[PDB]
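Read off the chains here:
There are 2 protein chains.
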Amino acid sequence: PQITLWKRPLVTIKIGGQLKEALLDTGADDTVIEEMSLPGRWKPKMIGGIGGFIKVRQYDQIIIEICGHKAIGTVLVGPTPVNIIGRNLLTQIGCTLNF
Amino acid sequence: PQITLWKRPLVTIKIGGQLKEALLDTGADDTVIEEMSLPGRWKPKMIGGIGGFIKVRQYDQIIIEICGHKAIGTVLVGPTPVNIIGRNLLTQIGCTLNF
Ligand SMILES: CSC[C@H](NC(=O)COc1cccc2cnccc12)C(=O)N[C@@H](Cc1ccccc1)[C@H](O)C(=O)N1CSC(C)(C)[C@H]1C(=O)N[C@H]1c2ccccc2C[C@H]1O
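First to last, the protein sequences are chains A and B.
Under the entry's author numbering, residues 1 to 99 are what the first sequence spells out, in order.
Under the entry's author numbering, residues 1 to 99 are what the second sequence spells out, in order.
Isolated chain A (complex conformation):
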């Protein structure tokens, strides 16, 4: 698909058996999701951007489905204002910028 940028590029994702809305974000190194349960071990991480840093839990080898494309990667969970799909998963679904 081709997604224009007149509005926020929001998509439905499936993660941890839950459906969520998330933003396809080429400015994010990592993927961060609002508070939810995920399986496995985690470790704490700080992530920073406009407004400063927040603390999140880092879960590895999590499967997500993003617009019908399956991928696996690290997912961070914490008090993000918006669910964000970052480059670590955008690459896996073959997402590129084109102009």
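Mixed in with the good hints, there may be bad ones.
Unchecked claim - Listed below are the simulated DSS-like cross-link pairs for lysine-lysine, each with C-alpha atoms no more than 30 Å apart in a straight line:
1. A/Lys20 to B/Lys20
2. A/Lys55 to A/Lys43
3. A/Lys20 to A/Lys55
4. A/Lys70 to B/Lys7
5. B/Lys14 to A/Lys55
6. B/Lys70 to A/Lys55
7. B/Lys7 to A/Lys43
8. A/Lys43 to A/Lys20
9. B/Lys20 to A/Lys7
10. A/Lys7 to A/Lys70
11. A/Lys55 to A/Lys70
12. B/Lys45 to B/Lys20
Don't read these hints as lab results, they were simulated from the structure.
Following the hints, put chain B with the ligand in place on chain A, whose structure we already have.
Structure of chain B with the ligand alone, referenced to chain A:
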């Protein structure tokens, strides 16, 4: 061009006759640049990101080249961690997400 996302999508921009590096950021509504001098009057704006909100100065109708493509539009100036080209200008240069 087509820009893949295995690395940060950093590009060269030209603003105020000077070259700077900036990030193509589909997660950003607006374009925000580190402190610099821009002509004309500015208005106040608050923008919020992953760590909270910051105050910036809004300049309208600013000439800016992004990867050699000419745009003219709103540029915010303030304490951003990285120069960010947001959707207001990514649309001007005809940028889309594709997968
Ligand atoms: C014009 S700058 C402000 C911009 N915000 C927006 O466009 C819209 O914000 C909002 C929309 C809706 C509700 C909100 C509620 N509270 C606050 C903001 C809200 C923004 O910062 N967008 C960021 C994404 C975001 C969207 C909505 C809420 C919060 C964040 C941006 O696309 C990004 O990733 N940025 C801007 S600064 C940056 C470093 C280039 C990068 C970043 O934070 N990256 C970090 C990140 C993000 C997520 C996961 C990991 C990491 C590491 C690091 O890579």
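Right, here's what the structure says about each hint:
1. A/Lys20 to B/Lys20: Violated. A/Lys20 to B/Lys20 sits at ~36 Å, over the 30 Å cutoff.
2. A/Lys55 to A/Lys43: OK: A/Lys55 and A/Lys43 at ~10 Å, within 30 Å.
3. A/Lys20 to A/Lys55: Roughly 21 Å between the alpha carbons, so the hint for A/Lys20 and A/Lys55 holds.
4. A/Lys70 to B/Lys7: 21 Å, holds
5. B/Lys14 to A/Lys55: 35 Å, violated
6. B/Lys70 to A/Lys55: Measuring from Cα to Cα gives roughly 38 Å; hence the hint is violated.
7. B/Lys7 to A/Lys43: 24 Å, holds
8. A/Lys43 to A/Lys20: Holds, at roughly 23 Å.
9. B/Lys20 to A/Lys7: 26 Å, holds
10. A/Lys7 to A/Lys70: With Cα atoms ~24 Å apart, A/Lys7 and A/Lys70 stay inside 30 Å; holds.
11. A/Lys55 to A/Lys70: Cα-Cα ~27 Å, so holds.
12. B/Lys45 to B/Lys20: 23 Å, holds
Hint compliance for this structure: hints 1, 5, 6 are broken, all remaining hints hold.
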